[PDB]
Amino acid sequence: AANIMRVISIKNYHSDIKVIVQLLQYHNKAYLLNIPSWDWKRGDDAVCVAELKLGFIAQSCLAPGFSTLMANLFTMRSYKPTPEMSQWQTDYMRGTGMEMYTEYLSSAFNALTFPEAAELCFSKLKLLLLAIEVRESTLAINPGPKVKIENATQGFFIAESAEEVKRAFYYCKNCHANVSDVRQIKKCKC
Amino acid sequence: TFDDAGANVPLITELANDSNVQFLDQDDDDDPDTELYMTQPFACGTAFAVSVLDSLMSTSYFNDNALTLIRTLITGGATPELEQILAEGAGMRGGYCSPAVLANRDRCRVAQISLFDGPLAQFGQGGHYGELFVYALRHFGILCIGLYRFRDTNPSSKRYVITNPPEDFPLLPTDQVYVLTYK
Amino acid sequence: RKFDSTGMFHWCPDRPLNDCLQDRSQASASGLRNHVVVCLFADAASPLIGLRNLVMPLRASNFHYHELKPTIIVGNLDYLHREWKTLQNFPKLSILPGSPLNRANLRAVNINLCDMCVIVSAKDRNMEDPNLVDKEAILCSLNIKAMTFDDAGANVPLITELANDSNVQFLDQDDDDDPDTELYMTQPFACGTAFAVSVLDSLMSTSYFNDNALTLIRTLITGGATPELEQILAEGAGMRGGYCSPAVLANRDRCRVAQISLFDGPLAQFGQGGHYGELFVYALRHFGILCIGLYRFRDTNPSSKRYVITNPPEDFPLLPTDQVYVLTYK
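One line per chain: the protein sequences are S, E and C, in this order.
Counted the way UniProt numbering counts, the first sequence spans residues 427 to 561, 567 to 621.
Counted the way UniProt numbering counts, the second sequence spans residues 853 to 856, 882 to 1031, 1037 to 1065.
Counted the way UniProt numbering counts, the third sequence spans residues 706 to 856, 882 to 1031, 1037 to 1065.
Heads up, a few of these hints could be off.
As the list claims (entries may be wrong) - Which residues of chain S face chain C? A partial, calculated answer using Cβ under 8 Å: (1) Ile434; (2) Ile436; (3) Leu458; (4) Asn460; (5) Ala489; (6) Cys619.
Said to hold, decoys possible - Take a look, some chain S residues computed to stay more than 10 Å from chain E by CB distance: (7) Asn536; (8) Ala537; (9) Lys579; (10) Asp612.
Unchecked claim - One-sided and incomplete, this derived list gives chain C residues near chain E with beta-carbon spacing under 7 Å: (11) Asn807; (12) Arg808; (13) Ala809.
Note that these hints are calculated values from the structure, not bench results.
For each residue, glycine too, the CB sits at the ideal point set by N, CA and C.
Assemble the whole structure, with the sequences as input and the hints as a guide.
Below you can see the structure in the form of structure tokens.
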């Protein structure tokens, strides 16, 4: 109730401000949707402690260890390998260096089916492609072969850095599909 | 001990303060200087700590739609209209719902697949992660995220999470693969 | 019909709370409307507030029985058992137990077609941050205002206690905030959606400078809480009553506040571009009815939000949309 009050104060003072609020319980989220200038499509957001805290534990019952895969993949970690680390600790850390990013796909992906786009991202670009924005907006994770990737859709990637992901925006099926070393895919040929 | 083993029981624990992780497990490269994300009980997934959630605020600011991808994966799809149906205070309404509704009973979900047996076993037998990745997606439409592997490679029932291996990374028939599936 | 000794109020023999406690099934099954809904926030331990001071003027003996506005209290059942001893004498009253916030409750009492809704907190409060003293009242108000009724939540009329004056700015959105503006100029106050207990300390000042004025407040407000009624309550027996004598019932013709619309009926020509003094002299003359002020829309063309003009000048122009505050015997 106290944290809601604030969002009411802040939204009243200047309507279009971006607000992110930490709620404790699930059902309190209902009250935010009543505030006149609250809009999550516009981009305001509420993170709920009881929703995520138990939700991670729940997925860990369906797939052991998954809680850590999630907790690292959505938080900054420092990949700083050193020779006195164990073999397992080094492989683990490189894995903790992974981050999520999003980018618009190149016109080279137009009208592929999602499995083709994923195969190209993984094999050709060295990027893991999870999900896409699709029109009317909705988010889809591992879509079935019945879908086509439409032009100028935004994709969701797991990679080392945002710079590493930019290849998915540049790649060309005519101009660069022949290239071996991926560290040159950004070019004027398209 | 259970007669006819208590260390073999899998469990997950809330930690309310991060430094307490050191107590959960004894045998360790103890190193109290190590921050949580490197400690053995965290890297195994036996621990979890609510401290992670404040880092999500930071990420959701820098990268807005990413938090929606958390909630789709985590909750099995707590939609806005489900939140509205709960907001009407009546509790969850239900019945033998229509085929037009039940068409949503084919979302994607997290699963683990073992390389010990079934149609992937040859990749477990000294293959490379990219061979498995391309094969599995191709034949099953199933998307592979990482490995859950034993520490005492030979075992102790304690493994560790490798997020997203490189293409050439070698597999063992003991490994388990995190995957996104329709099965 | 039965009345309380003094004849000033309608009356019934007592009854246990369970005689007019209701479930959502029952409350929604009785097709009630034109009612008053009271949204009451309390814990079982919170101080009494005497809902008698609200129900009592809503049951004055001037009204005929059929035009008594039915009343539902929505709130904590344990708190409602402490108050009930004071209420049990009144007709056409009932309770729906539970939170006022769950919209199941609000829909089961037909909030979409009450004649008023009242938001009140009996909880302890000022023993907190002075900005946060009335979380419940604000959150309730937005939660009502946001509903939709199919076959409109912004059209629901309601009154709210504010425990701190500066919180008035939250009750309403559309508004030139000007957080510098003092309460008596703010839009939710000028519309009559807000009310603030801070007003009462100013009454002390006035009652010193102008002694008999406070009696004119109590005659207008309470429907006539007389000294001998106060004595009958002071004897601790509760309100005594029966089929009282014609010599008592002669007091069922006091004056009361009413609103009259200029949209239709015998005044309509004044609504059609007349001047306030023409209406004033005409109405008093033919009906003995005395006109005090206007309640007028802001978006003259509408939004269901009006404002109060106390005592217009003689020549002030009327619109057929206006409503007139009046003192009457009808």
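To see whether the hints hold, each was checked on the structure:
1. The interface hint given for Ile434(S) is met, as the beta carbon of that residue sits about 6 Å from the closest beta carbon of chain C, less than 8 Å.
2. Restraint check, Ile436(S) versus chain C: the minimum CB separation of about 11 Å is more than 8 Å; hint violated.
3. The closest approach between the C-beta of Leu458(S) and any C-beta of chain C is roughly 10 Å, which is over the 8 Å cut-off, so the hint fails.
4. Taken as an interface hint, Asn460(S) checks out: its beta carbon lies about 4 Å from the nearest beta carbon of chain C, inside 8 Å.
5. For the restraint placing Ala489(S) at the interface with chain C, the shortest Cβ-Cβ distance is roughly 36 Å, beyond the 8 Å limit, so the hint is violated.
6. Checking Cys619(S) against chain C: minimum C-beta separation of about 51 Å lies over 8 Å; hint violated.
7. For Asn536(S), the shortest C-beta to C-beta distance to chain E comes to about 20 Å, beyond the 10 Å cut-off, and the non-interface label holds.
8. Look at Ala537(S): its CB is around 18 Å from the nearest CB on chain E, clear of 10 Å, so calling it non-interface holds up.
9. At the 10 Å boundary, the C-beta of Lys579(S) stays outside the reach of chain E, the nearest C-beta of that chain being 15 Å off.
10. Against chain E, the non-interface label of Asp612(S) holds: every CB pair exceeds 10 Å, the least being about 14 Å.
11. Annotation: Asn807(C) was flagged as interfacial toward chain E, and the flag holds, the nearest CB pair being 3 Å apart, inside 7 Å.
12. Because the beta carbon of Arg808(C) sits about 6 Å from the nearest beta carbon in chain E, less than 7 Å, this interface hint is met.
13. The closest approach between the C-beta of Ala809(C) and any C-beta of chain E is roughly 5 Å, which is under the 7 Å cut-off, so the hint is satisfied.
This entry does not satisfy hints 2, 3, 5, 6, going by the numbered hints stated previously.
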